[PDB]
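The chain below stands alone and is given in structure tokens; this is the form solved without its partner chain.
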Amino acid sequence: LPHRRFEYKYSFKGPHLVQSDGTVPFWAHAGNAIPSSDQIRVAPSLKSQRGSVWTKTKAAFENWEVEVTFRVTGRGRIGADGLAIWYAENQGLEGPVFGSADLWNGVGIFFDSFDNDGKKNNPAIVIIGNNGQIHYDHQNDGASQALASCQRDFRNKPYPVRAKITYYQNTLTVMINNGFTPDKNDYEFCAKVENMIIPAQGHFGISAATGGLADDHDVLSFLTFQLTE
């Protein structure tokens, strides 16, 4: 078991998430994301929305863990498009990849709500690495570019869904609390990538998008911990 050190500079949470100036401390928000005291609505349930929130400053942790609490809520059985969790060399405040910049250097964990390839494998959670030379394949839900994935339904759960994403000793693990209980700590293994290399310094990010179909994409909290052996 590795030691965890909470890092506030790379985190945000309620109940006073937003500053009077409408800014969230230590983070930058772009597009149509709305920051409020309880939560940030990265993408609203309106057509064609892009939202992102990124850390202002880079983090340089050999090992790290991230816990994100989010709600994806939609009227339909089918919703779009999803939310992305980022660790990349540069801020991807705006762009076509779930509200963020494409051709990133780093890893994106995509919570893809919409089955763009008609394989009936969505919603899905997809880990996609990148060195800045790959154009994300939105039409194929990046099936061809995925390092790992699991099928998990994060839409319309009674409690907030929690994602625990750990980078420790070169291994990237994603644990999911699928929001069926009031226990914060009930986690189920979703996917992992072994022996994976990512940039020494990076920005943490969360982004969401909509198209023809829209869901409200909400992040209650983003928590970052440095990890040590």
The other form holds:
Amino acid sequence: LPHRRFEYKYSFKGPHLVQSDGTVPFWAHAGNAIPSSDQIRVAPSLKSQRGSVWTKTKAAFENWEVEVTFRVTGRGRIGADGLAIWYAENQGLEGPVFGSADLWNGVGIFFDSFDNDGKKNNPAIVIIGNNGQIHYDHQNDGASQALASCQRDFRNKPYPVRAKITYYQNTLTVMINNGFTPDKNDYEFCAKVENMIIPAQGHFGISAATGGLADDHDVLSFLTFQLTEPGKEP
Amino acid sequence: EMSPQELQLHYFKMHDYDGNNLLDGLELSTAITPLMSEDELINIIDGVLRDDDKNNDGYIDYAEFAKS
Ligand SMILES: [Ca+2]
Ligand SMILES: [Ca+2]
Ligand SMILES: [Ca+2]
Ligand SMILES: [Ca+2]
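Return the structure block for the form solved in complex with its partner chain; the form solved without its partner chain was the one displayed.
Every chain and every other molecule in the complex is listed next, the one we just looked at coming first.
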């Protein structure tokens, strides 16, 4: 049983999410990212939109867990483009990768609602490791690069969808609460990457973008925990 | 008016916005807040966790908050 420590400096939430001056404490927003007091609309249902929210300093946790609560909402049965959750060496403030910099050093977990390669396999969630050298292939929804994936329709759900992303003993696990019940602990397995290497120090981040189609991309909270192996000390 | 104990619980739950009877650093931020530099905000919250949070779990429960 791993010890769980909450880290406020790498987190944000309602119902006083934003400060009187428009900042999310300890986080930088960019592009067209809109923080209010109950959510951050990362990318609105307007055309060709890009937004990101990243942490201001690097977390140096050997083991961690982040729980991200979100809504992706769109008037249609097909939306675009999707949302990304990141742990990377550098802040990816702006760029073409679901709203942020390409060639990241680390991991991005993409919640891909748009079927760019017409393979009929969306909405999807894909885990993509990068070493600073690979360009995201968005025309194949990262299928040439994906370390692991699953099919979850994370759009237009009755309750906020949740993602639990755990990096523990070199294993990166994604669990998804598919937004059908008010029980926030009804997580189901999505994907697993054993023996994954990611930098010792990185920025956490969240980003979104829209294409021709355009969904609303709302993140209600981003909750970060440090994990300690049974036997050590936090 | 309230007894000393009823006043303690009152100010403990005042910023317990998620109602989980635990105070995290973000809830403390809101209590602590023109605007102070983010560095001084971190220093204060950090000081409070270092002083009050004995099991190092990032939360301050009622017992930790009150002492006695
Ligand atoms: Ca596809
Ligand atoms: Ca796509
Ligand atoms: Ca609380
Ligand atoms: Ca505690």
